[PDB]
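Enquirer: Chain by chain, the residues:
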Amino acid sequence: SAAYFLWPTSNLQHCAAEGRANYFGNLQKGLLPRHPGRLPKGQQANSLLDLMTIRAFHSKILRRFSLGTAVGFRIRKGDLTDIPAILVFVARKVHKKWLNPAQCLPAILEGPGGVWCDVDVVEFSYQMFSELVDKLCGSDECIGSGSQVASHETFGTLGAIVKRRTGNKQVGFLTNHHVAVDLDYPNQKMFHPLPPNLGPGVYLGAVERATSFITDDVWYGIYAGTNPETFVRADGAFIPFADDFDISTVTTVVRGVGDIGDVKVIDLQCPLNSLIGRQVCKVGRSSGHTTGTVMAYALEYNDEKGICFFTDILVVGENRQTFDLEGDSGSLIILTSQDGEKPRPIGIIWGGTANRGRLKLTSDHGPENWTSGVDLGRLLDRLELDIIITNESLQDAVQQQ
Amino acid sequence: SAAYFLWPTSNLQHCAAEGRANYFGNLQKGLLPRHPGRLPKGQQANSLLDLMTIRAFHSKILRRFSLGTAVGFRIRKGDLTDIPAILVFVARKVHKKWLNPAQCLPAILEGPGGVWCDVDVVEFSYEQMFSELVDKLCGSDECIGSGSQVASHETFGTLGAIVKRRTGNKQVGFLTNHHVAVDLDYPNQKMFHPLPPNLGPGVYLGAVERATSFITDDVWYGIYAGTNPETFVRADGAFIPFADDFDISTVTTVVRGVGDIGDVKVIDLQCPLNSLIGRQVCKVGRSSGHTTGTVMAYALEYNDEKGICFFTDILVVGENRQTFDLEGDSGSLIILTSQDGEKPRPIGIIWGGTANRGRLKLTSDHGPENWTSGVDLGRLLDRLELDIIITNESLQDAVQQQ
Amino acid sequence: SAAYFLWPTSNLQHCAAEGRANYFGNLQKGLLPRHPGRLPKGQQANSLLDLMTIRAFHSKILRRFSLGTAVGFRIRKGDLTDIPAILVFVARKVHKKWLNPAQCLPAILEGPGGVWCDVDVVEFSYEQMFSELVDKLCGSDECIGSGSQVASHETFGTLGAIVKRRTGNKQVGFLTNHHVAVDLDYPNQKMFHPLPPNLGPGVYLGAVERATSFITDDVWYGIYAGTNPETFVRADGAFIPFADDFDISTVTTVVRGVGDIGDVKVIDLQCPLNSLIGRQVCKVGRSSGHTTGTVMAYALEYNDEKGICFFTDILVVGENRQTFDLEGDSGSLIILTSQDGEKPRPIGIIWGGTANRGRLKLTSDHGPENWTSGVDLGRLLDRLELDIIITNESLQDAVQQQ
Amino acid sequence: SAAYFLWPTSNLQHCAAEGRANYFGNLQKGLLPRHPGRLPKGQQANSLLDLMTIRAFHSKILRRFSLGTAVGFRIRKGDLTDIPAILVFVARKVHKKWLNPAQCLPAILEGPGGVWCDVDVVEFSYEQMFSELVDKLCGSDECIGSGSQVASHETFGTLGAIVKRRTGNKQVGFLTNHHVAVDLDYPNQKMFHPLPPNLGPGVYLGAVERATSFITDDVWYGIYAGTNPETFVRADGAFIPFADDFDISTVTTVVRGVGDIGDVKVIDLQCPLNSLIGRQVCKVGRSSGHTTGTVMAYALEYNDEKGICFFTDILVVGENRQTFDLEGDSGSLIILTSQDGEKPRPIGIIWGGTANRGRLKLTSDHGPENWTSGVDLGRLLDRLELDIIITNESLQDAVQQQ
Ligand SMILES: Nc1ncnc2c1ncn2[C@@H]1O[C@H](COP(=O)(O)OP(=O)(O)OP(=O)(O)O)[C@@H](O)[C@H]1O
Ligand SMILES: Nc1ncnc2c1ncn2[C@@H]1O[C@H](COP(=O)(O)OP(=O)(O)OP(=O)(O)O)[C@@H](O)[C@H]1O
Ligand SMILES: Nc1ncnc2c1ncn2[C@@H]1O[C@H](COP(=O)(O)OP(=O)(O)OP(=O)(O)O)[C@@H](O)[C@H]1O
Ligand SMILES: Nc1ncnc2c1ncn2[C@@H]1O[C@H](COP(=O)(O)OP(=O)(O)OP(=O)(O)O)[C@@H](O)[C@H]1O
Ligand SMILES: [Mg+2]
Ligand SMILES: [Mg+2]
Ligand SMILES: [Mg+2]
Ligand SMILES: [Mg+2]
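Chains A, D, E and B supply the protein sequences, listed in that same order.
What the first sequence shows, in PDB author numbering, is residues 47 to 172, 183 to 457, in sequence order.
What the second sequence shows, in PDB author numbering, is residues 47 to 172, 182 to 457, in sequence order.
What the third sequence shows, in PDB author numbering, is residues 47 to 172, 182 to 457, in sequence order.
What the fourth sequence shows, in PDB author numbering, is residues 47 to 172, 182 to 457, in sequence order.
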């Protein structure tokens, strides 16, 4: 019956940011530990939460000389270590001899409660033809992860087959919301592989929900920065399958990977090494199957207009090959099987913007491309979705809608 | 609390596509149309509903050789008549001698049930005012009202009317064009007057709550206005409830440069045409200030490049060969001028001007004049579930209950 | 029958190239005007041929410091005089104090046989009227005549005159500029009024038969107008014989906005200058409608850097500092206005191309006025082998005698 | 003598437009709609004429969802088969699962008289070379022959073949495609090797005499290839007879890098397909030098935006995923490579235009390959009335009999 759009209404009147100023202020007044002295080994950062609270506390001394920050492990000579650090992204990485003490970043940083960590400096900036790509783009006899989805004006990738947690518990799929956005045209109807104005295809369904920006305090549960206009890039859209659409054609398998497990949630208190440095893979309609490494979490970026933006996952492709191309947006970021458990998804690729970023890891090599991913655990929670991972579970879920 | 956007549920499958084909199919085969057209005078079109149903019946024969259509009065020698007609928009209006019989549009057309009307041909296609009023609207005035410049981080618009929601807690707020609120590149939820914090000073007006972009014709008008099953009405409107912080003492329900307005005058499709078509209208917008024009036509059909049919409710042409609006006027109130002394009533709001918004030629001596697109305010408030507040006392009363 | 294009046979390889060289070679028995500088008044230039042969003799020295040249009357203080002169076009006219004597033009020149003339220096260089006449020309009129818009799939032009071919079948058709027809991107020999089938409605007029683009000076004028052996005259003509299906009852030999015209007035190079230079002319074209102007100069020389000499027959400047033409008028008849009561006779058609958008400064008070390029109609009809039809009765006689 | 261009008289409007309609009216009357016993193998399409007649008959539904069509052999798994088929070019080739029955192209089609064929779906769409051969063609060699760069003032092209005219004095000259000859701004009738005088050194080869741009299908093929009454064949050719001064001692009838060629191999539409479709071809051009490719299809249909049907004779794809030609090769001879020791015979010349070359996908693993357009040389020489000279002795003999 409703003919209008409803905004996400996460305003939480300014107390959710009034508490932000008061949070960092009241921690600021309590400096008992005493003078510049090193810090004990027992209080070393261990979790993602630790690194994020340390970085947020010193955001403003870090922001001044930096393009951004992220949490992870220290990178020395291009190789990841297992040392909890805050990665500071500089425009150009120069020798210490050319820095004044105000500019030179420290080697250690102690946050609230004496929790300390390392500070790593990284130099920073901002089609595949295969049998797999053709299958994803409409040559296969099935629709699944990686399949090209399209509205009248935009193309995207189908991330996962999902079901809604609330109400009807409708079965559908998850993709990236910019492929479904209506300002010039109506882009509510999704099709595979092409929209009717461009060529043949099948009507998948109409967009129901979409998140674009969610404040950090809601997304992470903590204040990740001092800026009161802080948003998380939380791109995701839920499209319930059309009442006519033939569910027999959908597959819960990620083609080129196999049977995947349930979503692996990024718990901010687990030890870092379970996410940072882990090998991930992607199947998308543009680059097909690629392999990469998780370099960092919680990428801070304060932009021209004065708003802080966080990007959850930072992946760099293996062997100096780009992890993704433009158009892979929506693709599932799957943790590769280590000794034989089913590969579990941790995120989806965020829509590549114009002039995507790059970081230099070694002098011998040039700058490599990095890919930005959205936390799948948090996205499914915010969109109120459950991922369907077996073909039998799919037909069971359809029965109850 | 919700963290997501909820898309409008105007899908309505499958009688919205099945019922459209079923509606036009059953009327076409049983015709009994007895070709020699005596067309008795009692069956002449009288309402807007009559013209739209006639146009919809002959949509394909009309769209075949034309850029689009709209309903109204026949235009003869550049002047509006009182003759009910379907306006057919041609790229170039050429003499009959240069048309084959397939191309030449008829002078009369009879629809379902023998209801007939005229067919008029119109040639069709698809800088700042500096004044104290414009400065007042753009932040120099001590108050916020209709015409006041509203802004998100990335886009500027005009405040149309001060409104209150009909449902729930009946929040008081304002109506503007949803193109100011675009969450694709940047979080453009917070609205400000006159400038966003990144560009300059201002006051936080509130956060967008509702917005309509496209509503199917069968929902908006209540009838099937065309044969295309993907037919949408461009209905731009966004509701921004005032922030709790906002000083509602600074709001005025007066339309500066017009005065105290009355309640929304609803466009009833069954009333006689002469109460909308040809009536003089006025607009106060942050770009052109106060302008005056005429309502030329209703229900502008346009079957574009991708194959989707789009309807635009109101078509205004400015008086004295002057543009009725400029870019940036989108959202402004389209007010019916007082023609015997009652309070001027609003009938619509300006729709956000596309790139290369068309022109139309009326007589040979003058070139093409600019036309302005409006959204039906009666239908927009109903769809958004809004009530317009027209007196400063009523505003103080509406703000209390909440 | 023929499926190919036949390029004109005006090559005469090395019959024109050395005949030019020996003409100018066995002239050197000439120069040394020894000794004095003043020449007798009895040998003053009187014709166009006199002025052109003087310019041709001193072409090398004149082209040294100038953008081009033309023949006419000296312009002094912005007004045409009665003094036969060679107009030398400089980019920027500076005071004598800033020129070396080599750069400064002599403002008198004697050619072969002591025929002398003046040298005038002119500063030189290289959006639509809306009216009922324009609308009628562009398809609103019930007839096709001079000024009517003609079109192929990709290009628009103006119908200049209704003509009949002199040779063979003596077919009736019309004359326009060939750049509306000549196309190696597409099939555009088919002409239509007012629009081609891909753009809108219209009637098939007929197919292009012959078209001239460049004609060497020695053929066009009959003399060697310059020393460059690659010297061409811009003669844009196109003869389109009417289709057999075409209703010739719809054609009018009347120039709308001028009236009944007389026969083509031939530009005889030996006549006194004042019969062409300075005469008032008018034009009816599909873009600017009816305009009025003055013939400023003839035989405009322009040597561009690829090394080819190009001549433009007529140079018109619009009256009252108003442009004589706009883009799209190409083909329009350049009609001599009735000065005492005789029928206005046509002398040329407007040239459509690239080097037509140039300006010349006549007075300091206001800036550079626009000039329009015309092709000699007398020479064009001769080269195309056409006769102009000027009365509607003569038209139906020509149609019946095919 | 003549100072004008003569347009081709190979189009007789609406005398032949009815004959096209009548031909399809005749096929539609003797429809013979039957299919009890599936498709006997004796009635299978064998010729190019068979495939073209089937495609034209079912033209309406094929073009409904397609970018174009062509005749040849079915392509299965990226390799040409021996199955007579109609190639339907789709923008993106999707699985049967995603097509409604209206969209899905059939696997077989039987046309008039029960002659049937297959329907193959192909995905379709619409830097320099440095070598000793390229340098020799572009002016470093001591001779002028096939592949040699020819130039007018504004355009560069390739010299295709050394020819003599069949009519009149049987002038000897050369053949290239008319976009190297044709002008809009300059009198670039004169051809030069390797450069025009404005750009650098060269020798004057001669002046263009004839040029074909578009020829209707009924004239070119001898049959009605499509139902559109505005149907044209892309027929780029230009005949430049050698200047009388030109030293014919420097001309070679040899195709450098291939050798001595045989006479033109005429594309007989009634011969078995395998003599053209799938045959290996080679090309020597001033941009890519020597390249090798395969004849993929004949009679490439393309109905563009303006509503005109365009046919392209030969469709070549380069071998081993390498482009068959580059920009500038237009005019080069498309030579059939020797299959069993015969001299390689030329069958066509490369076409130069706006629709020059798009892409077609043959396999999933490696991406889309480039295709090249060729014009039927057998038909081009007939239309221009030219004979190809293939031996240096025949050249010197042809020179004397002038
Ligand atoms: N603000 C700054 N801008 C540019 N360069 C800086 C800045 N601050 C520090 N650096 C450089 O970065 C260096 C520290 O780099 P980092 O912490 O990455 O070392 P590492 O990880 O131990 O070794 P590697 O450099 O091999 O990774 C300093 O020596 C200094 O030269
Ligand atoms: N498909 C078409 N394309 C272009 N022009 C057309 C077409 N069909 C009709 N016309 C032109 O429009 C004319 C009808 O115009 P219209 O109905 O507006 O006349 P009117 O309103 O009585 O007088 P006026 O022309 O002054 O408005 C026809 O005479 C014809 O010349
Ligand atoms: N090559 C040149 N470049 C620029 N200016 C020149 C050149 N040769 C002459 N002049 C200027 O032009 C003047 C002659 O102009 P022109 O013959 O048109 O004079 P006019 O017709 O006598 O008077 P008016 O200047 O009022 O037309 C010279 O006095 C000189 O200053
Ligand atoms: N209108 C269409 N648009 C896109 N794809 C189509 C269309 N019609 C058919 N197809 C696809 O093309 C297929 C037929 O292709 P084709 O006839 O080329 O097969 P083939 O040559 O036997 O094998 P191969 O596909 O290996 O060449 C159908 O299975 C269908 O999936
Ligand atoms: Mg490092
Ligand atoms: Mg009218
Ligand atoms: Mg002067
Ligand atoms: Mg195939």
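For the record, the hints were derived by calculation from the structure and aren't laboratory data.
Warning: the hint list may mix true and false statements.
As the list claims (entries may be wrong) - Straight-line Cα separation of at most 25 Å, DSS-like style, residue types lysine-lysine; simulated pairs:
# : chain 1 : residue 1 : chain 2 : residue 2
1 : D       : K361      : B       : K106
2 : A       : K320      : A       : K398
3 : B       : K106      : A       : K245
4 : B       : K398      : B       : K106
Enquirer: Indicate, hint by hint, whether the structure satisfies it.
Expert: For each hint, the structure was consulted:
1. Proposed proximity of D/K361 and B/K106 is supported: the alpha carbons are some 21 Å apart, at most 25 Å.
2. For the proposed pair A/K320 and A/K398, the alpha carbon gap of about 11 Å is at most 25 Å, so the pair holds.
3. With a C-alpha separation of about 30 Å, the suggested pairing of B/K106 with A/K245 is violated against the 25 Å cut-off.
4. The hinted pair formed by B/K398 and B/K106 fails the criterion: a straight-line CA distance of about 42 Å is larger than 25 Å.
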